[PDB]
Amino acid sequence: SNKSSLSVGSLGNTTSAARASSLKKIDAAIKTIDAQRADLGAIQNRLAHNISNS
Amino acid sequence: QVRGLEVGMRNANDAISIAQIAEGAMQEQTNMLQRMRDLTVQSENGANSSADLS
Numbered sequence: 001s002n003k004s005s006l007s008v009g010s011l012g013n014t015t016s017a018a019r020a021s022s023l024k025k026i027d028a029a030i031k032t033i034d035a036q037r038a039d040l041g042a043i044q045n046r047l048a049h050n051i052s053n054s
Numbered sequence: 001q002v003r004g005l006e007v008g009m010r011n012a013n014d015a016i017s018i019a020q021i022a023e024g025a026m027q028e029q030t031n032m033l034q035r036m037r038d039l040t041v042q043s044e045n046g047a048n049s050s051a052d053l054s
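Same order as they appear, the protein sequences are chains A and B.
For the first sequence, our numbering assigns the number 1 to the initial residue and increments by one for each residue that follows.
For the second sequence, our numbering assigns the number 1 to the initial residue and increments by one for each residue that follows.
Among the hints, erroneous ones may be present.
Quick list of the computed label-pair ranges, beta carbon to beta carbon [said to hold, decoys possible]:
(1) B:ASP52 x A:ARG46: 13 to 23 Å
(2) B:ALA47 x A:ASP39: 29 to 39 Å
(3) A:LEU11 x B:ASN31: 41 to 51 Å
Note that these hints are calculated values from the structure, not bench results.
Yeah, the Cβ is synthetic: ideal placement off N, Cα and C, and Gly gets one too.
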């Protein structure tokens, strides 16, 4: 997760279409970070249960 | 008879050990099923979208 894999490393704002495109890619980046955080949280819950059982 | 009763009490304590380990293992399974029940009740919310469901 960095500005190259999130596709936010070349955003423009000088034209109407450039602003629309930048808005869409920022929203998409927020979505992908949410998904990654969800999976890491699930892993932590699972490890808590496993340590308790051990 | 005396010697056999001694060995038999040893076997009985072995059985108690086995049952105690298995019974303790089933408690974490119950706990995780309760958690899944809460997640399923949370899925029934007319404000969730496909990303939240995922």
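(Q) Taking the earlier hints as the rules, which of them does this structure contradict? (A) 2
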